[PDB]
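**Student:** These are the residues of each chain, in order.
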Amino acid sequence: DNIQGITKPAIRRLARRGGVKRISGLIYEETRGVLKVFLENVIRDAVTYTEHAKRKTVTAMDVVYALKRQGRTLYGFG
Amino acid sequence: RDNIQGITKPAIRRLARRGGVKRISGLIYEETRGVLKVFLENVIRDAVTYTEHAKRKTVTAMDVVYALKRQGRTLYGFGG
Amino acid sequence: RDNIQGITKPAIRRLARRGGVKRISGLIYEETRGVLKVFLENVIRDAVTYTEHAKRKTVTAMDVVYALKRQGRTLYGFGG
Amino acid sequence: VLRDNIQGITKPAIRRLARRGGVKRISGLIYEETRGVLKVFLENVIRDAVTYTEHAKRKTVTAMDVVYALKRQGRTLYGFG
Amino acid sequence: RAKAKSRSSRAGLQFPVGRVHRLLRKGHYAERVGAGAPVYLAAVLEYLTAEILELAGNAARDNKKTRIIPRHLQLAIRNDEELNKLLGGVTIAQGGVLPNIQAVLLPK
Amino acid sequence: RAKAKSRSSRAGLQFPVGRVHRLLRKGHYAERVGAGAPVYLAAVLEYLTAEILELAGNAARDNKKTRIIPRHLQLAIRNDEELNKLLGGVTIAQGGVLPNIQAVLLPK
Amino acid sequence: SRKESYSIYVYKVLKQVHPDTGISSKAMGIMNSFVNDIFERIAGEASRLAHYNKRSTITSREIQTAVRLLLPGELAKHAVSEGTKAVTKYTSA
Amino acid sequence: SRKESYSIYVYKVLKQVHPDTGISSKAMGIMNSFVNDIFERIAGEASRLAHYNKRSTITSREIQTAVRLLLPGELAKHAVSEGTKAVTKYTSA
Amino acid sequence: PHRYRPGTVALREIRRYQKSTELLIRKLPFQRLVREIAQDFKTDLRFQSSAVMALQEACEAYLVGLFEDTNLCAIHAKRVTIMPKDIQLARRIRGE
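Residue numbers (the deposited numbering), protein chains in the order written: chain M, 25 to 102; chain Q, 24 to 103; chain F, 24 to 103; chain B, 22 to 102; chain R, 12 to 119; chain C, 12 to 119; chain S, 33 to 125; chain D, 33 to 125; chain E, 39 to 134.
Please keep in mind that the hints were generated in silico from the structure rather than gathered at the bench.
Some hints could be false.
Have a look at the derived ranges for each label pair, beta carbon to beta carbon [what the hints assert, rightly or not]: (1) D25/B x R56/F: 26 to 32 Å; (2) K117/S x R33/R: 22 to 28 Å; (3) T120/D x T97/B: 14 to 20 Å; (4) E106/S x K35/D: 35 to 41 Å; (5) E72/S x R73/D: 50 to 56 Å.
From the derived model, a few chain D residues whose C-beta atoms are all more than 10 Å from chain F [to be verified]: (6) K44; (7) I62; (8) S65; (9) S88; (10) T89; (11) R93; (12) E106; (13) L107; (14) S113.
Here are some chain R residues the structure puts well away from chain M; computed CB gaps all over 10 Å [said to hold, decoys possible]: (15) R12; (16) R21; (17) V44; (18) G45; (19) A46; (20) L97.
Cβ atoms here follow ideal geometry from the backbone N, Cα and C, with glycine treated the same way.
Generate coordinates for the entire structure from the input sequences, incorporating the hints supplied.
**Tutor:** Here's what the structure looks like:
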C-alpha cells in the first residue's frame, strides 16, 4: 500500500500552483483515487506496447505513444 | 439580415424542453442565437473549402459530413 | 501692407489648441505675428537667392526644400 | 579594475563651477544630479572616440579622435589643433 | 556533370527539401508525390519556426538573460492568441503556469 | 555569351545594385568605389525600409483600413523610441500630433 | 546508428532572427518535437483530401487546402503567400 | 525626360510584408524621399572617414563603421548582420 | 438652456484638433502675405502652386512646436495662462 506516499503537503502545493486558496480536509482521498485511476489507464497502454515489441524494458517512447493516443501529446522527452 | 430572427422563441423552448429544463429565464435566447451562429459559420467554412477544392458549384451532403468529421463529431445516416 | 492682418485670431487659437494650450492671454497674438514674420523673412531670403542664382523668374518647390534644409529642418513629401 | 572612482568629483569643484556660472545659492541635492549628467555626457563622447580608434586599428586614443567625435555632435572645440 | 547545388539554395530556404521529399515517399501517404509539395511545406515549416524563435527571443531580453530555456517558450506560447489556438492541447515539460489570480480571491 | 543575370538576384536583394553603384560614382564621394559597398548599402536600406513598412501596416490594420496613408507613418514613427531618435529632425506633411494632455489641466 | 534531428536548421534560423542569443538543449528538444508534430498533421490531411477525390498524387493544391484547414486564419495568409513565392522562384530559376 | 524612383521596389517590399495591404501615392512619395535622405547621410560620413586615413578607395569597412556611428545600438546591431550576410552570400555566388 | 462650464469646450476642441489633420491657415491670406514679403527683395516674382503649400506646411509645424515648448514653461510657474515672457524665455533657452 504505497498510495500513502503522496503526502498531504504535496497535495497542498499542487493546489497552490493551481490558485486554490482554501482546501477542505476531504479532498485528499478523492485526489488519491483520481490519480490512481489516471495512472492505470496509461500504464496498461505502456505495458501493451512493451509486450508487442517483445521487450522487457519499458521505454520513454512507449509512454509518449500512450499519452498521444488519449490526446495528451507530451513534448520534451524525444 | 433579419433571418436570424427566424429561430423563433417557441423553437428554443421546445429544444430546452427536450433537455429537461423546467424553467427558463427570458435572456437565454440571444445567447443561444449567438452560440449557434459561430458553429454554423465554422462548419460552413470547411464545407465551402471542400467544395471549392473540387471546382464544383453545388455543395453536397458529403462535404458537410466531412466538416463535422473533422470537428470531432460523426454523423450516421447520410452517407460515408 | 495690411496682409499681415490676414492671420486672424481664430487661426492662432486653432494652432494653440493643437499644442494643448488651455487658456491664452490676449497679448500672445502680436508676439506670434512678430515671431512668424521673421521666420518667413529668413526662409524667403534664401529661397529667392537660390532662384536668382538659376536665372529663373518663378520660384519652385525645390528652392524652398533647400532653404529649409540649410536652416537644419528637412521636409518630406514635396520632392527631392 | 577601478570599482568606483566617480565619487572623486568633489563637492567643492561643483560649487566652483556653479560660481563661474553666476549661481548664488545652491540646493543640497544638485550634486548627485550633476554627477549623473556628467557621466551620461562622457559616455556618449567616449563611445565615438573609441569607435574611431578601433576603425584605425590603433591602440592609443589620440586628441584628434576626440576632436572628430566632438565635431559630429556640433561642439567644435578650438585650441587643440 | 555540372557542379551540383542544393535545392534549398535555389528556393532560398534553410530547411532540407531533399529530406522532406524522402519522408513523404516513405510515409505511404500516396503512390506519387509532385515536385511542388515539398518546397511549399518546407517554406511553411521555416516560417512557423522563425515566428516561435522570434517571440521567445523577445521574451528572453525581458529577463536580462542570454540563453533560451523552456520557461520562455511557455510564456511565449500562452501569451499569443494565434499560437495558443494551434497549441491548446500540447503539454510542455518544466513550463509551469502563467501567473493569474481571480479578483474574488484578492484581499478586500 | 552567357545569359545575363542581375546582381540583385545573385545577392538576393530587391533594391537595384547598379543604381546605387552609379549614384556612388556620380556623387564624387571618392575616386574609387569597392565592389562590396553597394551590396551592403542596398541591404541596409532594404532592412530599414521593411522595418518601417511593418509598423505602418500594423497601424493601418488597427485603424481598420487597407491603404497606408501619411497619418499611419506619423503614428508609427512617433511611437517607437529608436526610430524617433533617428528621425527626430524630420517633419512629415499631414502627419499631425500625438494625443497628449497635461494632468494638471484635467478637471478634479 | 546515425540519428536524425533538426537542431542544426533551428540554429541557422535562430542566428538570422537574433544573432546575439543562444538556446539551451532543453528548449532545443521541444523545438525538435514540435516540427515533427506539424509535419505529421499536414501530411495526414493532404493524404485524406487526395484519396476522397480519387487521385494518385499529392500536389501544391492539396498542401494549400490542408494549410487553409489546419492553420488559423491569420497564419494561413502569410504562409500561403511565402509558399507561392518560393514555388514561383523555384519554377523560374 | 524620365524620372527615376524606387516606387516599384517599395511596393515589392510592402507586398512581401503585407500581401493584402496597399499604399497611396503620398506614401510612395514620402518613402521615395526618405530613402535618398538616408543615402546621403551614410555616403557623407563614409566620405569623411576616407580622407582622415589617406585612403583612396571606399570599402565595406567604411560602410560598417558609418552604420555603427549613425544608427542607434540595436538598429545597428541588426543592420550589420544583414549587410554581413548579404556580402557573404554575394561573394559565395 | 443647457450650458457647459468653462473649460469643457476647450478640452473638447483640444481633442478635436489633436485628432484631425487638415491645415489651419487660410490659403488666400497666406498667399497674399508671401507675395507681399517677397516684393522687397525682387520684383515681379512668380511662385509655383506647390511652393506656397511647402512654405505653409513648414510654418505651421514650426509654430506648433514652439507652442508645445511654451506650454511647459507656463506650468513651471504654477500658472495656466501663457504669457509673452514665457515665449521670450523659451526662445532664449532654445538659442534662437
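**Student:** All hints, please: hold or fail.
**Tutor:** So, going through the hints one by one against the coordinates:
{"no.": "1", "hint": "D25/B x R56/F: 26 to 32 Å", "in the structure": "56 Å, violated"}
{"no.": "2", "hint": "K117/S x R33/R: 22 to 28 Å", "in the structure": "24 Å, holds"}
{"no.": "3", "hint": "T120/D x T97/B: 14 to 20 Å", "in the structure": "39 Å, violated"}
{"no.": "4", "hint": "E106/S x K35/D: 35 to 41 Å", "in the structure": "38 Å, holds"}
{"no.": "5", "hint": "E72/S x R73/D: 50 to 56 Å", "in the structure": "51 Å, holds"}
{"no.": "6", "hint": "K44", "in the structure": "21 Å, holds"}
{"no.": "7", "hint": "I62", "in the structure": "5 Å, violated"}
{"no.": "8", "hint": "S65", "in the structure": "5 Å, violated"}
{"no.": "9", "hint": "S88", "in the structure": "30 Å, holds"}
{"no.": "10", "hint": "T89", "in the structure": "29 Å, holds"}
{"no.": "11", "hint": "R93", "in the structure": "28 Å, holds"}
{"no.": "12", "hint": "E106", "in the structure": "24 Å, holds"}
{"no.": "13", "hint": "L107", "in the structure": "19 Å, holds"}
{"no.": "14", "hint": "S113", "in the structure": "28 Å, holds"}
{"no.": "15", "hint": "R12", "in the structure": "40 Å, holds"}
{"no.": "16", "hint": "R21", "in the structure": "33 Å, holds"}
{"no.": "17", "hint": "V44", "in the structure": "26 Å, holds"}
{"no.": "18", "hint": "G45", "in the structure": "30 Å, holds"}
{"no.": "19", "hint": "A46", "in the structure": "32 Å, holds"}
{"no.": "20", "hint": "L97", "in the structure": "12 Å, holds"}
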